[PDB]
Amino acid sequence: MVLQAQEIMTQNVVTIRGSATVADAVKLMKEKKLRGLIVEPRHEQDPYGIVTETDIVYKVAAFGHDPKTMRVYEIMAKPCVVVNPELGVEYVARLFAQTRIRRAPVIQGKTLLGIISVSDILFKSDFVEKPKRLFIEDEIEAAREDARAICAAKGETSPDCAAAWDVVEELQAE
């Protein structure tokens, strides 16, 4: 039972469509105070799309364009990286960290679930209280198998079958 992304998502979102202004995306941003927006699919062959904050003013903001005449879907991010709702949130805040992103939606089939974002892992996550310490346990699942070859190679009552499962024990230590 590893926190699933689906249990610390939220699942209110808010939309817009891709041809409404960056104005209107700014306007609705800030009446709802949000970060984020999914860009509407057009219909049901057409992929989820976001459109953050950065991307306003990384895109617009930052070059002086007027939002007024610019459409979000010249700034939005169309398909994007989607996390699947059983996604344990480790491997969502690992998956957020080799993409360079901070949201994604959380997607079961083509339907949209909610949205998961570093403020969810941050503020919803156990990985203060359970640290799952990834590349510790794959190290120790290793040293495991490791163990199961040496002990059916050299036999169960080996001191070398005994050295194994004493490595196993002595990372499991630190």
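Positions refer to the first chain, counted from 1. Compared with the form deposited in another entry:
- Summary of the rigid-body analysis between these two forms: the C-alpha atoms of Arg148 and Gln108 are best fitted by different parts' superpositions.
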Given for the second form:
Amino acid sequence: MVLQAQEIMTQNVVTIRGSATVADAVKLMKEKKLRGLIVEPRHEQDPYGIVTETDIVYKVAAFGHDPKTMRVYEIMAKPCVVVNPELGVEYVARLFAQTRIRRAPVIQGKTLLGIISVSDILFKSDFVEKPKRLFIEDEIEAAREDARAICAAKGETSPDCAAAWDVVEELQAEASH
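Can you give me the structure for the form deposited in another entry, which would complement the form deposited in one PDB entry we have just seen?
Shown next is a single chain and nothing more.
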């Protein structure tokens, strides 16, 4: 089976109010050893947010702002990009690359189950031993249509026909790990 986000996520996830200071955030991250805090929703409809080590370094430290006067609402992402627990890790990897984030809460319904990061992916993903190309199932469909057309046009016993079907088979082998 495809390895899922919830199988590699960090389960220790702490939350903080958006009204807290950045100093409060930094203290919590130091005590708990955390590179990201989830911002508590204030009510059922209110979205999840996140504040991360990079937010704090780029937006506070890099200008020399006083973390005791800045607040989490001034530097958090809210709404933040979120991850389904069933989502395959290769998709998380990609969501992360496309949106340029390194971590996200894992949410199922409106319940917070954990937090998943690039480090989680590097350290616990099966991607070295089971690399599987994204959208391969869509590739398989397309390569079958191509193969069917080449064989109709050039003949069932032509080198180009046999080549096109070989593509269908290398892909199907690749999709079954």
